[PDB]
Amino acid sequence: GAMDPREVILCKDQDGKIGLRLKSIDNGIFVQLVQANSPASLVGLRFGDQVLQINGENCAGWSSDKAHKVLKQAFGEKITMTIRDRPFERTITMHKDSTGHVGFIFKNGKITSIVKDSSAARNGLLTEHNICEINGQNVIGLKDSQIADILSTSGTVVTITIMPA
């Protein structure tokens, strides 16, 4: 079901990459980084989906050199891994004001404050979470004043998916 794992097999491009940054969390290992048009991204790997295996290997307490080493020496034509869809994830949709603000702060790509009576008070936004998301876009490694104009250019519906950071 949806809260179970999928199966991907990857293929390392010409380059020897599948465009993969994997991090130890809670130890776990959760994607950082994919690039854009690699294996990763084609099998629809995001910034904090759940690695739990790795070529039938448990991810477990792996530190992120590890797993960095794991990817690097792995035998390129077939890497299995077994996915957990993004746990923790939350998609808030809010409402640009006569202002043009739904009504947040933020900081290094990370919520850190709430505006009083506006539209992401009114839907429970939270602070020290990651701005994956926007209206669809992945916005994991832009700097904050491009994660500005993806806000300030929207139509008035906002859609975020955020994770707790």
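Positions refer to the first chain, counted from 1. Compared with the form deposited in another entry:
- The rigid parts of the chain swing between these two forms, and the hinge residue from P87, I111, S63, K143 is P87.
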Given for the second form:
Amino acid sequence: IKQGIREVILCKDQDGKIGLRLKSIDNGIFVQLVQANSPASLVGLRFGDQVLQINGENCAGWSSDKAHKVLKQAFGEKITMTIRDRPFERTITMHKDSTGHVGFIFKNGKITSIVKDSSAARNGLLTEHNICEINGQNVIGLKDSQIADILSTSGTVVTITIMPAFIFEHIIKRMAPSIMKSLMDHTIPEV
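In place of the form deposited in one PDB entry, output the structure of the form deposited in another entry.
We keep it simple here and write out only the one chain, dropping partners and molecules.
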């Protein structure tokens, strides 16, 4: 979680899509959803990103409807956005035992309990926090069994990105768990 405000310049695809959904939160605008193989993925927008500006206009106080509206009525050649990097998240670095564990329990993306004398504890992993990314990869919407496989298949060093569940649950409301799994960008970054 960089503590930085960054510029990104966008370019609509042939369908005139960027691949993005924005949710009004606390009078900000925040990335609800990032489509795979989308202009928005390529410039690196991520779930939980804050959109400070769209085309040099502040987003403070905009409805989700107005942000999506703004986005359609944009010219399409260049859409310059100002991004604050994933304000509502935090990233933990953990190591595995020889039993291959970081040492916690989660259910529906959300961590429910922490297992004592584990790296999860040594590093102060919290509960009631939804798993947002793992080692770069947005896992929002995957099944628990699939998340487990990614942690299984991770090296010894695992890097998790969490969000308070009350915030998490406010971002994802009005987005179907179908689309969460289908079209949300669950991919490693292109270089």
